[PDB]
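Single chain ahead, by itself, as structure tokens, in the form solved without ligand CTP.
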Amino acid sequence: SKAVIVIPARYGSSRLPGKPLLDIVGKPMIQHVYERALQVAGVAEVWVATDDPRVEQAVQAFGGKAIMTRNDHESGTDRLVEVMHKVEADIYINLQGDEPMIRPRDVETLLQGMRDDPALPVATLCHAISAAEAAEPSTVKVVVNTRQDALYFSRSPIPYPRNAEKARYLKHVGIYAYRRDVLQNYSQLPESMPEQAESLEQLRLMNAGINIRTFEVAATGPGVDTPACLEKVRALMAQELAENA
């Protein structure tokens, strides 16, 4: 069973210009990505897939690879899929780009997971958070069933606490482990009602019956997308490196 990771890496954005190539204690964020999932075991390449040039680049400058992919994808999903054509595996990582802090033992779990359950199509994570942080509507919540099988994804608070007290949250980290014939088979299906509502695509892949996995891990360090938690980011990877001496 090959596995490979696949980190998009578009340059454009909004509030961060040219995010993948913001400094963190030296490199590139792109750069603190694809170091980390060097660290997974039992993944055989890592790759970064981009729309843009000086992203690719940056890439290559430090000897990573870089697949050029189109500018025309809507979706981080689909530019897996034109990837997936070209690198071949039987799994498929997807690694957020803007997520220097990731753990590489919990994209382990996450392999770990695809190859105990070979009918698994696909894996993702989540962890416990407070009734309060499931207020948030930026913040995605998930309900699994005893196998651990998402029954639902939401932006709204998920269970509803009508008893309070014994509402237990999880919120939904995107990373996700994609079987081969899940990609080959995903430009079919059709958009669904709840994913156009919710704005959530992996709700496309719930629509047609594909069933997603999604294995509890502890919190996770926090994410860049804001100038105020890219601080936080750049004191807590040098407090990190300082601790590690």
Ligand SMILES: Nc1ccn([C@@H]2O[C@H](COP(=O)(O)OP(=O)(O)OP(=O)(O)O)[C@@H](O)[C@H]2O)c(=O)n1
Second form
There are 2 protein chains.
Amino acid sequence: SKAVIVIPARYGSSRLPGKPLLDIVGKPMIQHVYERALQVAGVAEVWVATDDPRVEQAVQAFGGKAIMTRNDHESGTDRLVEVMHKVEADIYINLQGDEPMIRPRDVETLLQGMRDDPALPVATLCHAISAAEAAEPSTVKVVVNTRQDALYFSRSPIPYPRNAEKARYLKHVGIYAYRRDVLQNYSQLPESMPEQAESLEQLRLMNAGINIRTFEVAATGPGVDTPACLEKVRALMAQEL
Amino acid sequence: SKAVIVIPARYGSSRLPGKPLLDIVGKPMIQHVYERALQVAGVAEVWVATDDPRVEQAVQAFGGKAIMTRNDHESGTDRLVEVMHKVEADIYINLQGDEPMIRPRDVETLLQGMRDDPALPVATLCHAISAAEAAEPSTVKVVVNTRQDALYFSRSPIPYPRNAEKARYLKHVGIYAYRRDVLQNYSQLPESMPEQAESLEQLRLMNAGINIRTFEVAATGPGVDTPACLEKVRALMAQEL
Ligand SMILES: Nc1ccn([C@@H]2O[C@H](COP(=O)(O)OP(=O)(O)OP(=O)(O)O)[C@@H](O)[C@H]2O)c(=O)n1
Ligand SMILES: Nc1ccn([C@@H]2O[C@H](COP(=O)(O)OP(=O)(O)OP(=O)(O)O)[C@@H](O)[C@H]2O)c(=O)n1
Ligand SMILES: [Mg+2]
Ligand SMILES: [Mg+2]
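Moving on from the form solved without ligand CTP, kindly provide the form deposited with ligand CTP bound as a structure.
The complete assembly is shown below, putting the previous chain first.
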């Protein structure tokens, strides 16, 4: 059971452009992710999937695996599919490039889930959040059953707060562990109505009966989209040491 | 493949005491439901599960079948399990006692779904609704996959309208079709957190990985909850004549 990590790092960014080559305390964001990916046990390879060369050059610079990919992809998942075709593996882990504060142990937990249950198509992460945090649509909630299998993913605060005291929310940490086969019969997947309405690509798998299991971890640090928190990333990154 | 129809009709009601016996165009509400259930093809038995002797009598009064049950039942569902033990069948259909405007064909569509797939645990119904309606916490929304399997049931507008033009909604028509086995292991099922927050008992099935398939129908007539709705249906059913 070989497993590899893939890190999508497009240059073009609607919000903050060239977001991956951004300097977070001496290193380019993308590098922080790479180094951390390298610390994950059980992984045979760590690849960065890029579309622009200013990234590929940046990556090779620190000696990272730089595989060039199409500059047309509408989503990460797609770009990952293209890499699944050239880099052989049983398990693919997709780590976003805008999260320089990922926890190598969280990833290990994710990959362990895949290993503990071979029949599991996809694994992903989540963590508890206040009902105050579950209000913001930028935040994505997830609800699961006893087996931790995902029921649904939404921008709406689910479950609804009827008996509000009994409500418990879980943010969804956008990392995924895919079974090679899943990626292979993926391009054939048609976009679902919930997907397009919600603007959540993972719902394209649920539309197709493809089970996704969630794994809970501790409140994770901030991602990197808002240059405002970007100071907290640097401040937390810089402090972290 | 024997299938029976169960109609829970407890005497009690926070706003319409005796409700099952309320008069709509000449007959007590419960009768309407019964007569309509009797029109459904493929059903071997139509039973009314009650908790009161006055409710029992009335049903015997017009030639219907009745069965007394624990007056301490907490829910129409838990009342059904008790009937599952006395009346043998492979499929159980639970029709509400406060919905005299049920459509015999909708139930047939429901029973057919269970028959077309022996492996299906439970089947239910739904129907399209505007986003303006879906806003009401009072209305239970449901979202499904390509095979029409339910992903989640909530009072929150799901799917969330990120790209509203893509958001299409379904109101959950609360009728059920239970495979005998499902009812046999029901009392062992523990209440789920999502079920408690949203106050939706069907969510105790999903928490247990027990698939529920939804079938779409045309917008259904209203039930009898408050006396405004009572006069609301009374009218409808009279102008139908
Ligand atoms: N076609 C795409 C889309 C996304 N990504 C990658 O997926 C991660 C996060 O995606 P996202 O949050 O959507 O960032 P952007 O794609 O740049 O869009 P935005 O800035 O608005 O969030 C990043 O590593 C990004 O480069 C990618 O490689 N190729
Ligand atoms: N302990 C119970 C609870 C409910 N039911 C039956 O389940 C159906 C619908 O129940 P519900 O949706 O909960 O409506 P009500 O409970 O009657 O709402 P209210 O208390 O406000 O009248 C009705 O046929 C009702 O008689 C039952 O037989 N026994
Ligand atoms: Mg991002
Ligand atoms: Mg009612």
